[PDB]
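Visitor: Residue strings, one per chain:
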Amino acid sequence: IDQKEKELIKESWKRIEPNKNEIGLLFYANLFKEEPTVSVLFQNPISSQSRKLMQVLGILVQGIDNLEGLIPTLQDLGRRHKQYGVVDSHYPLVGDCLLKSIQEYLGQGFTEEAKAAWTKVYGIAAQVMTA
Amino acid sequence: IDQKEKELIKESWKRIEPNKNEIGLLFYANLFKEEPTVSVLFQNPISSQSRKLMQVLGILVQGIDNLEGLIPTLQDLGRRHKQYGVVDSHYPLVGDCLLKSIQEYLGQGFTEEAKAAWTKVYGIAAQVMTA
Amino acid sequence: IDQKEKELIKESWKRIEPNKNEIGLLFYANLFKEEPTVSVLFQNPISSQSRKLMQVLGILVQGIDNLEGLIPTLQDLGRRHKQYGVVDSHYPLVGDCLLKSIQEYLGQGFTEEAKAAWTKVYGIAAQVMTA
Ligand code: HEM
Ligand code: HEM
Ligand code: HEM
Numbered sequence: 002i003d004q005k006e007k008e009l010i011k012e013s014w015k016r017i018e019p020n021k022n023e024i025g026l027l028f029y030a031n032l033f034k035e036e037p038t039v040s041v042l043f044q045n046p047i048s049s050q051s052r053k054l055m056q057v058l059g060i061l062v063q064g065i066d067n068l069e070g071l072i073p074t075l076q077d078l079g080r081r082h083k084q085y086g087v088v089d090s091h092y093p094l095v096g097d098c099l100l101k102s103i104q105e106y107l108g109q110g111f112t113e114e115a116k117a118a119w120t121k122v123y124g125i126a127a128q129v130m131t132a
Numbered sequence: 002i003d004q005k006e007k008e009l010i011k012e013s014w015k016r017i018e019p020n021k022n023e024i025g026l027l028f029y030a031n032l033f034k035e036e037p038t039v040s041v042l043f044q045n046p047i048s049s050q051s052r053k054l055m056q057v058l059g060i061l062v063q064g065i066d067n068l069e070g071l072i073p074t075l076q077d078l079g080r081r082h083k084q085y086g087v088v089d090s091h092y093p094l095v096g097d098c099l100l101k102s103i104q105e106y107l108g109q110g111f112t113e114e115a116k117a118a119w120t121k122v123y124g125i126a127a128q129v130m131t132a
Numbered sequence: 002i003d004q005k006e007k008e009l010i011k012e013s014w015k016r017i018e019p020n021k022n023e024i025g026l027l028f029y030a031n032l033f034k035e036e037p038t039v040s041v042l043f044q045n046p047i048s049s050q051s052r053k054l055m056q057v058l059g060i061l062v063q064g065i066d067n068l069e070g071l072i073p074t075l076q077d078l079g080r081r082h083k084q085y086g087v088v089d090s091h092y093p094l095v096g097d098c099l100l101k102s103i104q105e106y107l108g109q110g111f112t113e114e115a116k117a118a119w120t121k122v123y124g125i126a127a128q129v130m131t132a
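Read top to bottom, the protein sequences are chains A, D and G. Just so we're aligned: the first sequence equals residues 2 to 132 in the entry's author numbering. Just so we're aligned: the second sequence equals residues 2 to 132 in the entry's author numbering. Just so we're aligned: the third sequence equals residues 2 to 132 in the entry's author numbering.
Honestly, the hints are just simulated from the structure, not real lab data. Incorrect hints may have been included.
Same chains, same label: a pair holds when it works inside one copy or across any pair of copies.
What the hints assert, rightly or not - Result set (DSS-like, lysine-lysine): computed pairs, CA atoms no more than 30 angstroms apart in a straight line:
#	residue 1	residue 2
1	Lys121	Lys5
2	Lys121	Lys53
3	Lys116	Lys7
4	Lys116	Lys5
5	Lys5	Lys34
6	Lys121	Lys34
7	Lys83	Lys7
8	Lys101	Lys116
9	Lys34	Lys83
10	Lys121	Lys21
11	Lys5	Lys83
12	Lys5	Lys15
13	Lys53	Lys7
14	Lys116	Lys53
15	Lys53	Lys11
16	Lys34	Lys116
17	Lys53	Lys21
18	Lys121	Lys7
19	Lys116	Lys15
If we strip away everything but chain A, and leave its shape as in the complex, we get:
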């Protein structure tokens, strides 16, 4: 992640956070439509699972300057996700799915440049989270 990509995450988050709720939710809907089989793993109120996903993305954004500093957490999150039955192949599909939704919801307002950046960021988080 370079400088340009850092500044990009921060600007884009100005649009995302305000609508983060909808996106989280829109995400979940699209993920359950795309791979309807994963939905069983979600055993808690979809409403409050989304507040939790968005929260980490905010965390990522608050910490985009030094992501190393995050490794400790994402690992703990990786550990917990494995308990859920989340496995490797799931990550690409969640990555693709969240983006199409952040695109979907924000439209032309989620800029090509920005999408690229988030695609890279997710990527990392994902690696890190899959020890």
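Place chains D and G with the ligands on chain A using the hints.
Guide: Positioned in the frame of chain A, the structure of chains D and G with the ligands alone reads:
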């Protein structure tokens, strides 16, 4: 549908209306979770669909003193849903899941009475759509 | 926008204008300073992205007595602006910042009465552009 219960819809909508977006979105996620098979029927952007869905429930509250005056829209729609491969048996499921989605997001801000009341309304608009 | 203000703008503009480049640029520089992360959003050369800023400013002055006529043009602006990744909370910066830049380069040559009149006008441009 009585004037007491005609009160509660006007009342709780003022609770639903401001949250329509998240509520509409969580519904589709819950739904695609509960009855996974039916997601394949929804072939349009979930975002825009939820927008379409809430607009109608608006129209519904907007006309709750005289619903007989909507039997024509409520049937133009009945025929289009038929054209969408919706069948009668879907309405109980959706309704059920809709109402449990309005309670999820609004919590203790959506009373057993508001639930009971909407329960009927959906109940009605459906039987008119199933013509 | 009372008759006084309409005149106050025409005047200060007779002063901004001869120095329109110098100012245009000072502004970006002071912008990037006040806000380290906005630079990314600017993908064209600053030397010319600034020519465009000072053009619309001219257009505004060049139309002051009638902004109703300018509401079209401006709506398109804000439209393409939203797709640059620019979100509402930027405009205050860009505002505060621009004035402070015009004032920086003119010093005393820019009346306190004119500075107020530019705030209003910039203000009005925001509303109309921010939809
Ligand atoms: C970087 C990517 C991800 C982030 C930031 C994230 C975020 C979260 C968070 C914060 C939790 C809260 C529970 C906890 O404290 O561990 C959670 C739980 C969960 N996540 Fe993720 N997640 C990600 C990737 C995935 C993937 C790829 C899947 C696979 C479908 C997934 C599915 C789940 C499931 C099934 C739960 C448990 C649901 C329950 O509470 O029953 N997540 N996720
Ligand atoms: C009273 C209850 C319902 C209401 C108010 C409602 C609302 C709507 C609305 C407003 C549209 C707009 C598109 C149009 O018809 O012009 C629509 C289409 C549609 N509805 Fe419903 N709906 C209801 C029940 C159901 C049920 C039970 C199903 C079956 C699961 C369903 C599935 C669909 C589908 C699949 C479409 C087309 C989706 C697409 O765009 O591809 N709806 N509905
Ligand atoms: C009333 C205030 C503003 C005016 C009159 C204005 C004027 C312009 C004009 C004329 C353009 C040329 C692009 C086009 O014609 O579509 C432009 C582009 C642009 N403006 Fe503004 N602008 C204003 C406020 C802002 C604000 C608040 C931002 C936030 C950073 C901003 C950032 C940008 C960016 C990033 C571009 C495109 C740069 C590129 O990629 O080439 N502007 N602006």
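Visitor: It remains to establish, for every hint, whether it holds in the given structure.
Guide: Going down the list of hints, with the structure as the test:
1. In this homomeric assembly, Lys121 and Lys5 come within 30 angstroms of each other (Cα to Cα) only inside a single copy, at 12 angstroms, whereas the closest approach across copies is 34 angstroms.
2. Taking the shortest alpha-carbon separations for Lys121 and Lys53, only the intra-copy value of 21 angstroms comes in at or below 30 angstroms, while the best inter-copy value is 33 angstroms.
3. Taking CA atoms no more than 30 angstroms apart as the test, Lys116 paired with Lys7 passes inside one copy only; the shortest distance there is 12 angstroms, against 35 angstroms between copies.
4. For a Cα distance limit of 30 angstroms, the shortest separation of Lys116 from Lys5 inside one copy, 13 angstroms, qualifies, whereas the shortest one across copies, 34 angstroms, does not.
5. Proximity of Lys5 to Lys34 under the C-alpha cut-off of 30 angstroms is restricted to the inter-copy arrangement: shortest distance 16 angstroms between copies versus 34 angstroms within a copy.
6. For the homomeric pair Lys121 and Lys34, the shortest alpha-carbon distances inside one copy (24 angstroms) and between copies (27 angstroms) are both at most 30 angstroms.
7. In this homomeric assembly, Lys83 and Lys7 come within 30 angstroms of each other (Cα to Cα) both inside a single copy, at 29 angstroms, and across copies, at 20 angstroms.
8. In this assembly of identical chains, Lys101 and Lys116 lie within 30 angstroms of each other by CA distance solely inside one copy; the values are 9 angstroms within and 33 angstroms between copies.
9. In this assembly of identical chains, the alpha carbons of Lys34 and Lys83 lie at most 30 angstroms apart whether taken from the same copy (22 angstroms) or from different copies (21 angstroms).
10. Proximity of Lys121 to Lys21 under the C-alpha cut-off of 30 angstroms is restricted to the intra-copy arrangement: shortest distance 19 angstroms within a copy versus 32 angstroms between copies.
11. In this homomeric assembly, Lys5 and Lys83 come within 30 angstroms of each other (Cα to Cα) only across copies, at 19 angstroms, whereas the closest approach inside a single copy is 33 angstroms.
12. In this assembly of identical chains, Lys5 and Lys15 lie within 30 angstroms of each other by CA distance solely inside one copy; the values are 16 angstroms within and 38 angstroms between copies.
13. In the homo-oligomer, the alpha carbons of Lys53 and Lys7 lie at most 30 angstroms apart both inside one protomer (23 angstroms) and across protomers (27 angstroms), since each shortest distance falls under that limit.
14. When the C-alpha separation of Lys116 and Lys53 is checked against a cutoff of 30 angstroms, the pair qualifies both within a copy, at 21 angstroms, and between copies, at 27 angstroms.
15. For a Cα distance limit of 30 angstroms, the shortest separation of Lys53 from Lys11 qualifies both inside one copy, at 19 angstroms, and across copies, at 26 angstroms.
16. For a Cα distance limit of 30 angstroms, the shortest separation of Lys34 from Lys116 qualifies both inside one copy, at 21 angstroms, and across copies, at 26 angstroms.
17. Proximity of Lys53 and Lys21 under a CA criterion of 30 angstroms is satisfied in both settings, with 11 angstroms inside one chain copy and 20 angstroms between copies.
18. Taking the shortest alpha-carbon separations for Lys121 and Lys7, only the intra-copy value of 11 angstroms comes in at or below 30 angstroms, while the best inter-copy value is 34 angstroms.
19. Taking identical chains as interchangeable, the C-alpha atoms of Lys116 and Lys15 lie at most 30 angstroms apart whether they share a chain (14 angstroms) or sit on different chains (29 angstroms).
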